[PDB]
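All chains should be modelled from the sequences, with the hints used to inform the complete structure.
Residues per chain, in single letters:
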Amino acid sequence: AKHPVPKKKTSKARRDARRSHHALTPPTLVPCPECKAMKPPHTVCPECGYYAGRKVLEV
Amino acid sequence: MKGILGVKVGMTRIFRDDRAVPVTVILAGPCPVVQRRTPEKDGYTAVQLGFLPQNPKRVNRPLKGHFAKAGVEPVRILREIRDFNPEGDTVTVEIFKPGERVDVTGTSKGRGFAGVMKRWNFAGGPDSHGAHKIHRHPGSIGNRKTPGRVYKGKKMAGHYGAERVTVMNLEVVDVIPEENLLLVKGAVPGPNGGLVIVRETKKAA
Amino acid sequence: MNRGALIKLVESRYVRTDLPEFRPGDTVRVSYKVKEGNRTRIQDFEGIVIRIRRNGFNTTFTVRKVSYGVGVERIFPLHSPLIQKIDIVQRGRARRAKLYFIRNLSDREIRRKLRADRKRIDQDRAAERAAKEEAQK
Amino acid sequence: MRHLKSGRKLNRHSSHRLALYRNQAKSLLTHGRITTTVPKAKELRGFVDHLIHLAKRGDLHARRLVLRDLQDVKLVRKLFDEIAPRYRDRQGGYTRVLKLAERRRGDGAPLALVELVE
Amino acid sequence: XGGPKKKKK
Amino acid sequence: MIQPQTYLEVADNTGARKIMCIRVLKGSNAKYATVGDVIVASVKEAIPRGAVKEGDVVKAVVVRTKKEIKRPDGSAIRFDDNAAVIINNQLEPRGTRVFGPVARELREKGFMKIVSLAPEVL
RNA sequence: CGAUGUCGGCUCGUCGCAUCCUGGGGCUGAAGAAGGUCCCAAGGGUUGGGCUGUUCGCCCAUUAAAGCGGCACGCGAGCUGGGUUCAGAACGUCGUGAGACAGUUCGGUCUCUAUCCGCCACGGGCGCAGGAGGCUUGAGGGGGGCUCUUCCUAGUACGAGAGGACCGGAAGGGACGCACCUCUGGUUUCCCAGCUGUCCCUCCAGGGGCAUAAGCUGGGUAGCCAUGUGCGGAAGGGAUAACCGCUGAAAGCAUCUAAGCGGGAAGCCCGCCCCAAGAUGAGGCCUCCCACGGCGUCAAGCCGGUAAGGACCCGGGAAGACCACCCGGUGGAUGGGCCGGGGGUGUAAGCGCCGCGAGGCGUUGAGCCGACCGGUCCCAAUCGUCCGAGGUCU
RNA sequence: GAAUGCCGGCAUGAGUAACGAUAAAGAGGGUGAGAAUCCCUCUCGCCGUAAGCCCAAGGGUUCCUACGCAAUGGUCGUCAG
RNA sequence: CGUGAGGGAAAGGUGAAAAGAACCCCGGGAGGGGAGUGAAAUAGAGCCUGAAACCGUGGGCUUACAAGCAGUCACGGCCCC
Ligand SMILES: [Mg+2]
Ligand SMILES: [Mg+2]
Ligand SMILES: [Mg+2]
Ligand SMILES: [Mg+2]
Ligand SMILES: [Mg+2]
Ligand SMILES: [Mg+2]
Ligand SMILES: [Mg+2]
Ligand SMILES: [Mg+2]
Ligand SMILES: [Mg+2]
Ligand SMILES: [Mg+2]
Ligand SMILES: [Mg+2]
Ligand SMILES: [Mg+2]
Ligand SMILES: [Mg+2]
Ligand SMILES: [Mg+2]
Ligand SMILES: [Mg+2]
Ligand SMILES: [Mg+2]
Ligand SMILES: [Mg+2]
Ligand SMILES: [Mg+2]
Ligand SMILES: [Mg+2]
Ligand SMILES: [Mg+2]
Ligand SMILES: [Mg+2]
Ligand SMILES: [Mg+2]
Ligand SMILES: [Mg+2]
Ligand SMILES: [Mg+2]
Ligand SMILES: [Mg+2]
Ligand SMILES: [Mg+2]
Ligand SMILES: [Mg+2]
Ligand SMILES: [Mg+2]
Ligand SMILES: [Mg+2]
Ligand SMILES: [Mg+2]
Ligand SMILES: [Mg+2]
Ligand SMILES: [Mg+2]
Ligand SMILES: [Mg+2]
Ligand SMILES: [Mg+2]
Ligand SMILES: [Mg+2]
Ligand SMILES: [Mg+2]
Ligand SMILES: [Mg+2]
Ligand SMILES: [Mg+2]
Ligand SMILES: [Mg+2]
Ligand SMILES: [Mg+2]
Ligand SMILES: [Mg+2]
Ligand SMILES: [Mg+2]
Ligand SMILES: [Mg+2]
Ligand SMILES: [Mg+2]
Ligand SMILES: [Mg+2]
Ligand SMILES: [Mg+2]
Ligand SMILES: [Mg+2]
Ligand SMILES: [Mg+2]
Ligand SMILES: [Mg+2]
Ligand SMILES: [Mg+2]
Ligand SMILES: [Mg+2]
Ligand SMILES: [Mg+2]
Ligand SMILES: [Mg+2]
Ligand SMILES: [Mg+2]
Ligand SMILES: [Zn+2]
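Chains as they are written, first to last, in the entry's author numbering: chain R5, 2 to 60; chain RE, 1 to 205; chain RT, 1 to 137; chain RR, 1 to 118; chain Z7, 1 to 9; chain RO, 1 to 122.
Everything labelled a hint here was simulated from the structure, so no lab data went into it. Treat the hints with care, as some may be off.
[Unchecked claim] Here are the computed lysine-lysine pairs in the BS3-like style, where the Cα-Cα straight-line distance is at most 27 Å:
1. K109 (chain RE) to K5 (chain RR)
2. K155 (chain RE) to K31 (chain RO)
3. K78 (chain RR) to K56 (chain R5)
4. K185 (chain RE) to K8 (chain RT)
5. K18 (chain RO) to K66 (chain RO)
6. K40 (chain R5) to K99 (chain RR)
7. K70 (chain RO) to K59 (chain RO)
8. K10 (chain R5) to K145 (chain RE)
9. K67 (chain RO) to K185 (chain RE)
10. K8 (chain RT) to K2 (chain RE)
11. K118 (chain RE) to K5 (chain RR)
12. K185 (chain RE) to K35 (chain RT)
13. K3 (chain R5) to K8 (chain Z7)
14. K133 (chain RE) to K9 (chain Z7)
15. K98 (chain RT) to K70 (chain RO)
16. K33 (chain RT) to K185 (chain RE)
17. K44 (chain RO) to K67 (chain RO)
18. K3 (chain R5) to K133 (chain RE)
19. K9 (chain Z7) to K3 (chain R5)
20. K56 (chain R5) to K99 (chain RR)
21. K42 (chain RR) to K56 (chain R5)
[To be verified] If you want the ones that stay clear, here's a sample from chain RR, every Cβ over 10 Å from chain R5, calculated:
22. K5
23. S14
24. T36
25. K42
26. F47
27. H61
28. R64
29. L70
30. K74
[Unchecked claim] Here are some of the chain RE residues that sit facing chain RT, going by a computed Cβ distance under 8 Å:
31. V9
32. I14
33. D18
34. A20
35. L52
The beta carbon of each residue, even a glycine, is placed where N, CA and C say it ideally should be.
See below:
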């Protein structure tokens, strides 16, 4: 409701052209050593836990 | 024209003939020439120099061990010297004697996204009186309907610093070969630790 | 490379070791080399030491005297070759590092605020008499 | 710029930040494991490690210093008696951070584990 | 709104 | 460092007690005046019946300063006041005898009679 | 006129030359110095104040000089709002009056969000027809370009005297520009200490919260900085401007020109610095990886696990808005802890001794101690996953 | 097909500005299909001539409690006015 | 909406008949997939017919050295009859 304001409705081709980078990237995961589940690396596997400092395992 | 690579160690003041300072210690360690570019093959004249050793096999396969001097390929093989063809093997540091004038090229410290008036020394606004939110702004950036655009070099804000800077005609105060040390007169760019190269000056020689 | 400072510490072979230990608050006379036209005469500056900013070599300290109704401060490199010598004239109780405050009371309040450092005084002499008793052979 | 500087500004002013660190330690000295976000967890190491190394040395002065950051006269007891001797032959690193795999919903915060080591 | 401001500037 | 608008102390017996800097004479546009530079100044306060009266646009050399001056030997020196000696267009002091210390910078710039007359050169 | 905000100031500039200075030159009623005038020349530079809303101008102190104009009397989706330019009010003046005056006076709401172009920065994609890691060439751009003073020559030339050259050489400067933190000097937000009020932990002692978003004060490493430090303008090569000539006709002589040939500017081209192969005209060099297991039995390809390698992810970084960039990722010192050294505070607590007491002294430069230089696998960079050539035609 | 037309519908700017005081949060344990946001405990901060109590005006079911989350809550919501 | 006088909306249609979808399955629900009712289930109840702007998914052609009142006229290639 004030100073600078869009001159011309941005066309469909141009709106969609700026969303050419709006794409999401899939989460990056790896097989879990013990259980066969998938886990984002460097995270404590919820199911199994680390060798040493406690898993706090679902057990 | 003799050149060599190095790191910036640090700065200190020195005393000679009562007058004191100032110096930037830079170790210009041994550079083993890894390649020697020639007008018959490359069409110009230079020498790849290769710097700090290390690399317990982080070296890929192109490596270029080739020239039997690749004594565990260096980290910074970066940069030749151009119109330089040394003793064929290992550019020591004794190439510069004290009294000589030199040119250090380094990479300036990076200020990141910097406003005009740091980027460019602009005057900004009044700190008071009329004020209104422009205390550090660039003022006007042009004319009106003609030319009706902004010039193609207009000094504005942006990523200032973190770039190639060469300061010339630096004096060599002393060289210490036992430790591959080289000394000059302050003006040298880059942070401590940075790669810098050192040439003899374009002033003459 | 891993010695970035030990490297710097190496050029600093200009280090001086003859000069006396001293800390701010105590007054010291520093014999200084001066040119004075072509020649070279040894001028003395005698005042209260008022600040020591240490940085290894290229540490500086500053001394302060009132001369001919005007205050003067001089700033010396602790390892300046020009320092002929430097010798303490009285040991004063500091109670603070940088004591710039005395710039604003150069009078009677300047003493009694910087009183005698008995403990450091009674070393300085008794600490010498033993060094006088040694090497009399 | 703000180059070679150290310590996370955690979007808190000086006294709040200090309080935060100081509270988290209390919590982490009490339960021995804590869940917080990663940067909060990456900052607790230094702080809790130093208090522990202080209980190690043992002297009454060392107590009174730790007591400045912990205020609880017990718990500091627990520190000096039960917690401390467990690390006597360990020089540093009395603490561990492990990044959890689930993120806070409607916030999005990467969480992390922080527990006393051993 | 309804004005009521007079045309100043 | 002295610039136009700065009160200086008068360190000679020319009569004036204080001058205010009008301009610094180094180049077309020198920002500051240090020991041994020549300044132009208005007189703002005087002693009755002396050689110079209030209002007298004079020239003078700077002899002491609050900001420290650095010696190329790595030492420095600063004084509690800013002080000048009023001089004539031959750069000679229009007064006999000068009060309080002056920097050696004075000697190096050729102001021999000042440093002689001075109680102490530091 | 269903709105092109109208003076001046600030800011940021850039352009023209009919140039204020600096460079070069002709004439001079040019001895010399200093001027006068005209030609060539814009590369760069062209100060700070008092007055006034002022532009302008007058003054003060300087200077190499204090240039003039264009860009909507450049620049209000950049700022200001003194002026002008609403409503209030008053003076003088005009009108019987309400009111009026480029006459005056005091006062008087300047609008957070940039879509396209343009600009300053940074990336994502594809391309460069085999895929890689590096190191490069520089087509073509940008930056920069200023000047004073003193000395030597010599106080000779010149000049009655007074003054006082050129050419050549040297040293200091003034602004400006790039970089830097050793020194000087700043900040440093919890690094240390001192202090007040108050509430609390437990009475003492000792400490903690709050008194900004530091309670106040005294200091202060790194880092970031200018006042501080170091460099820069050039040298030099080439072609010219005005201008000065050589040889030389037409026109026997003479003429710098009509054939030629030289000299000759802070200007021009190149050298100095920075960008730069999207320079689809996609460049060069060095070193890596190589056959297709199967479909299109034909043209270009397709599905596919692999190769050199490269991402993902994680520890980080004087790199940084995100991105990028860079260094690491345990056959590892990347960060965190710990230790050692710097460095800052200024001699903690506890105990003993002296004092009725506030305190003082000793244990003691103690204790505490961010960023800096290092050491040390104590904690965390575990485990892995996914991409990626198999080369058109003469 | 136009009237800065009228009513309605859906776009654009845009995943942009914003989310209403800079008094401030951390953790453990519960409950739940689902918790930064609900209950509980501990620690921290803020008001205290109030940001605490009691009336008057006005408001008119907002009070208490049980069961609930489509919407109202500038997010969430097992909570709630 | 407004103190008040006064101003003043929007909003109709399953099917002939609810025969309004038992039951199973995912889900906390919502809402779907089956099963079933009906001639018709894009007649399923924010229900007849379901237009356009607008927003999606899939396929064909086309596009990263290119200058644009976006069309038109020629040739050309690819795709479908
Ligand atoms: Mg940076
Ligand atoms: Mg300012
Ligand atoms: Mg302001
Ligand atoms: Mg405008
Ligand atoms: Mg940082
Ligand atoms: Mg506070
Ligand atoms: Mg109009
Ligand atoms: Mg219009
Ligand atoms: Mg001209
Ligand atoms: Mg002339
Ligand atoms: Mg005034
Ligand atoms: Mg005025
Ligand atoms: Mg005008
Ligand atoms: Mg102009
Ligand atoms: Mg005009
Ligand atoms: Mg205008
Ligand atoms: Mg405006
Ligand atoms: Mg506009
Ligand atoms: Mg006004
Ligand atoms: Mg009348
Ligand atoms: Mg008017
Ligand atoms: Mg009028
Ligand atoms: Mg007023
Ligand atoms: Mg605005
Ligand atoms: Mg446009
Ligand atoms: Mg500093
Ligand atoms: Mg207190
Ligand atoms: Mg007490
Ligand atoms: Mg507060
Ligand atoms: Mg300080
Ligand atoms: Mg290429
Ligand atoms: Mg490390
Ligand atoms: Mg003690
Ligand atoms: Mg230490
Ligand atoms: Mg080791
Ligand atoms: Mg019509
Ligand atoms: Mg409209
Ligand atoms: Mg509408
Ligand atoms: Mg936007
Ligand atoms: Mg934004
Ligand atoms: Mg926002
Ligand atoms: Mg709020
Ligand atoms: Mg529930
Ligand atoms: Mg309070
Ligand atoms: Mg109700
Ligand atoms: Mg209730
Ligand atoms: Mg909600
Ligand atoms: Mg709300
Ligand atoms: Mg309930
Ligand atoms: Mg169903
Ligand atoms: Mg139907
Ligand atoms: Mg029908
Ligand atoms: Mg229908
Ligand atoms: Mg094409
Ligand atoms: Zn597992």
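Requested in this report: Starting from the hint list further up, note which numbers the structure goes against and sort them upward.
Outcome: none
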